[PDB]
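What follows is a single chain, given as structure tokens, in the form deposited in one PDB entry.
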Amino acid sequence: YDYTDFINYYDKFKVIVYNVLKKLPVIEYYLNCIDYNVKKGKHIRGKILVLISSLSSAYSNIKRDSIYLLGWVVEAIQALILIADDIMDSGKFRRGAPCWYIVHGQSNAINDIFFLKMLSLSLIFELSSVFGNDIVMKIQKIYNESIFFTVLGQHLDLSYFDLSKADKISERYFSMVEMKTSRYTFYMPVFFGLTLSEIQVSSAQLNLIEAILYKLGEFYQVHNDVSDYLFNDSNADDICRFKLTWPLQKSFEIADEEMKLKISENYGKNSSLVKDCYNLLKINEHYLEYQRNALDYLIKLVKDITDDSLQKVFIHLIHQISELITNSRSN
């Protein structure tokens, strides 16, 4: 898909950030800050905004530029969340490049989160002249609910669980995942798209596709979690960082009372032994039947969308995310 000239609007997006910086060295700093954190990447979430904006809306106005801007606002929102995540999680690299807090220091990274946010806020606020109040208003409500949940989701990510009390530690996983990841990644860009378009209207037909974004997000984080276990070797990984994650969630689900003991002990000092078990528990295997069932259930759900115009972009959506996750390091 393209998505071109969504990417190419970056140029025009930079100029709008540049002209907002009439306050009146710092411009150069923050222009580079957005180049480092917003320019880099696949831009999946800003891409979800254009897709949904696509069949849903009918060619009338030059809101298209405005839709692209908002597609870059979502990218700055994603970026600022990740610069904040890499600090807490002692991240080393992201998007093939050292984390912003490493190149620029922690104090500047914290302040820079504040920059992107207010930038985000300001570019939104100035979409009133294009879609008017109602649209902007409905867009700002989505924004608030999205990040609010991500923060609480992130809080749960920081809040240590009770490994011994693993009766519904899985219930704590998915809930957390819905909070921290699922919302901003999927709910936010889509609902931002649904608004700009003003699709007409299937409101009662909104929970279904809501259940779609909940699984898309679950699926996204679940695979994120396995990759770390599968390819990260360090003392600043999920296990060495004592984090509630899909492999540990499942392990406690599949393991005898003798292996869950070996994991509770070494979590998390020796990540070595924790993974040893994951292999004898064949977690990797279990994620594959997940990945498998994840796909078709989304198709099940997709096949039920009534609009038949909303189902088109949601057909691309399911594809785009699954291709992201299955066309990885395969071997």
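Residue numbers count along the first chain shown, from 1. Shifts are known only where both forms have a C-alpha. Rigid core (definition): largest C-alpha set, two forms, superposition within 1.5 Å. Compared with the form deposited in another entry:
- Among the candidates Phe93, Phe114, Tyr160, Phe148, the CA atom that moves 2 angstroms or more between these two forms after core superposition belongs to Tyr160 alone.
- After superposing the rigid core, the C-alpha of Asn61 moves by 2 Å or more between these two forms.
- Relative to the superposed core, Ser234 shifts its CA atom by 2 Å or more between these two forms.
- Once the core is fitted, the segments that move between these two forms, counting only runs of three or more residues with each CA displaced by at least 2 angstroms, are 58-61, 160-163, 234-236.
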Given for the second form:
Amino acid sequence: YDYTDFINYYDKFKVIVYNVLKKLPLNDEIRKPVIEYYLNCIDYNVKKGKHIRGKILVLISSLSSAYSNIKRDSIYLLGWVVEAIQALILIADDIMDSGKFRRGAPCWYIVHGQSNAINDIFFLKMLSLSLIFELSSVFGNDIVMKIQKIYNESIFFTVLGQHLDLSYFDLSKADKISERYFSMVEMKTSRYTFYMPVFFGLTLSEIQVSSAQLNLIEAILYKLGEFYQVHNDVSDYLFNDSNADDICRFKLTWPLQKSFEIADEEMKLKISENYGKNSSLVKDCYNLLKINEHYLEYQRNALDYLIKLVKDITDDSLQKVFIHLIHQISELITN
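Okay, that is the form deposited in one PDB entry; can I get the form deposited in another entry now?
A single chain, with no partners or molecules, comes next.
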């Protein structure tokens, strides 16, 4: 789709941004490249990262209830709010995971120190919170309250998911591993990534009134969800050769859980051991059973399943939005 226009709204978002930082009263503005620090921050973090999720809200927003003026902009804004929200999440993430890189540029916690990273996170959170309260002018009180409730659930869930991700207690005799993993992925990834933006979408959209069987869309966003997380995990096993990444950590991953549904007593002693220590050797075992083989299997049932539940949408017009959605996601994973 076009989508160039959302992306052009940025500059009114920094207007709308900069036009908050009138925070102190009675001076000639000297103490006040604080306002310059955080515009910088925004260009760096919010101004990179594909803007996948903000797209999804603006996408979903433009079909369920086509717009034509003057709320159109309240949507772009939130879509950049989404992006600002996502960004703060992965600033946090890159810290916890000692990451190096993101959105092309190195990690913010790297450049501006970790102590500043932590402050800027909740800066971005607090601007998002207060920016969401702008809508009330354009969209009315209850439609912003439903937007709140959605912000809260998704960011909270992400926080419990991110907690499982951190949890030091992955064990040897683990046969629920597949269920630890996937249902964490639902929390730490699918909520903010797909649930939040899509469900944002049709608050602003406010149409149509689809209910009851509307657990269907939350069943697609779930799978899109782990579709993503499960692609991001593979690309890590496939595509980084550093002297410490993922399985260096005790990182509950897709190639590790289904190497635990195929491997033997002998293999599962392989993983257990040099996990956290020897990623190459663990990566080797991964090769042996060719992780990206079955990975290529996941993908087609994972698209098959999305496909068939696509053609079960009550909204012929929202049927195709998700088919659009499912399409770019795949492509985006296929790059």
